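Only one protein chain is missing; all other protein chains are in place.
We call the chains A, B, C, D, E, F and G, going by the order they appear; numbering starts again at 1 in every chain.
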Amino acid sequence: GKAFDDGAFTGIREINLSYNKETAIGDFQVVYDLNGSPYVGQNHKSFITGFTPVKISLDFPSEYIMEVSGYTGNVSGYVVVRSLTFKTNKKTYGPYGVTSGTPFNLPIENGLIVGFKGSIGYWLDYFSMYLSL
Amino acid sequence: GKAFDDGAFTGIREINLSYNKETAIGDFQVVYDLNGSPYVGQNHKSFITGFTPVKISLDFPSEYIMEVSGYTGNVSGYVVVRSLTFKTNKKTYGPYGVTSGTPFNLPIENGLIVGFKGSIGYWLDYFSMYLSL
Amino acid sequence: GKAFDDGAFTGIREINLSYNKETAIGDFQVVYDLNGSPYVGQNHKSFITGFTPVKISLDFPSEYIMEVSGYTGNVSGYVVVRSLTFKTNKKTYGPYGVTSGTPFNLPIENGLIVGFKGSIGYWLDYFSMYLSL
Amino acid sequence: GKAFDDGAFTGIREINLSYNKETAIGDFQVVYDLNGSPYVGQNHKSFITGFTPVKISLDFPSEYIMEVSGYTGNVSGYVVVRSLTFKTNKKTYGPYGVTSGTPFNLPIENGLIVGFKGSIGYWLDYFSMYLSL
Amino acid sequence: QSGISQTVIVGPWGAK
Amino acid sequence: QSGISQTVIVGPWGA
Amino acid sequence: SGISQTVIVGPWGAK
Partner (left out) sequence: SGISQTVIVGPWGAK
């Protein structure tokens, strides 16, 4: 798919994503914090459409993500990220998508996710996270 | 089990662990680097004997860990770390232990593992990693 | 003076300042790098005019600042920043403004200036620098 | 002189230095914190003896250095560090040595000194500091 | 705001 | 040794 | 808090 790399920012204000309960995660966009101001990141869009949108609006700066988890598995011959869940200090958002296949998880004991990179074709193929103090 | 927390250092020189091919990981010990000198971390011992030892001696500083992965799973009714694998920029070490249960993985695109903390009773119960640039 | 704080960014691409040899540094503005793109920071203007403008355009990311130096002193009964110099790995820029009063200097052996904060009245009253690796 | 480099630790418990009221700073040794335990740094001594020793015992971890200042200037034809002063959130220690020549100062708004490097001959020739969050 | 340096920490994996 | 600040990056997951 | 931190040195100048 199309590689994307937002780089690193000050914090996360909102995550927008889309998913379909029979395929996988589709689109992905973050509103970052940049030094106390919102910075609206690029919208990483699927090549197809018809997904269900989800807006995760965090109570920044008091609310922050402590754990990202999900599943990867094969959809129409492509191994992609099928499901995502975001656990903050306030609550759990998700799972979005289909929770089948091979799980993964990144819990954070100390530090903050401050950016995302990855690749999206029809679906989110993979992603990585920038971490900072 | 018994909690341990080595703290953070400058890098990793060697990992000494033990495991049982029917249970989980037992002992864990790390020779860190500390500003150019070897720092011999405390040996974190299982409460039981009968493990196979292994010595992962890295060619520090040119060789470093890029991915830690493994499995968590039930042994005698406790969730433990059943298996560990360390992939460096040079070689893969493992899997050590039993490759069953829930997979986890921490691939690193940029940065270094500089410390471990966790708990060991009969087996390694859980662990976390300090990361730095 | 009016406080400013730009926050932190990924690097520096250009510094626009102005100064007057009879007095002190006036205006100060920075084009930062933000994840590979120019970020045009706010122009922090002296309350007065009459300064000579200076544009320090860096060969980003090859060229980066390795030392910031200057002088603080009394101008019209106010302690202000009278002069500034920026040394990079390629060239020295300045001094801009008279080199008289109490010197200061921040050489960087490792790391990068990624932000400025401070206060400007008629003249640059004070400043600080964000540093990162 | 003889170069030294302590590297980086997790903070500072004690500074021992020596000085002479007519020349400059002589010896320098730091008791660092490492992961909550004391780590006694190498004692960087002058080629000569006869200095007045000083022990700066910080109430770690609540007390930490917020500014290091001093003077550089010529003693017997060599540029050396003639005076040092350490200001913490609790108290000022110094100046020690001879406060003349060219002043320098490193205030820190956010962050910690975690290590020192430099060179000492008859007197402290130069030094640098490691900073961290 | 203390005199102890800090570091990113990821985990834990294993028991809760 | 360039002018671009760096930060820790973990991943990728997926793929 | 969800805001990341950075070293900051200074200020130089007036109180």
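Criterion: contacts are C-beta pairs under 8 Å (C-beta built on N, C-alpha and C of every residue); 3 or more make two chains touch, one makes a residue touch a chain.
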Subject >> Residues in chain C touching the chain absent from view >> reply: 105-111, 131-133
**OP:** Provide the residue numbers of chain B that touch the chain removed from this figure.
**Re:** 9-12, 33, 58, 60-64, 112, 114, 132-133
**OP:** Please give every residue of chain D in contact with the chain that is not shown.
**Re:** 8, 70, 72, 78-81, 104, 106, 111, 114-115, 117-119, 124-132
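Just so we're on the same page, only the chains that are shown with their structure count from here on.
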**OP:** Decide which interface, B-D or C-F, involves more C-beta pairs in contact, and give its chain pair.
**Re:** C-F
Original post:
Which integer distance in Å separates the CA centroid of chain A from that of chain E?
Top reply: 23
Original post:
For chain D and chain E, what's the span in angstrom between their mean Cα positions?
Top reply: 30
**OP:** Would you please write down the residue numbers of chain E that are in contact with two or more other chains?
**Re:** 5-13
Original post:
Could you say which residues in chain A touch two or more other chains, in rising order?
Top reply: 8, 10, 36, 104-106, 109, 111, 114-115, 128, 131-133
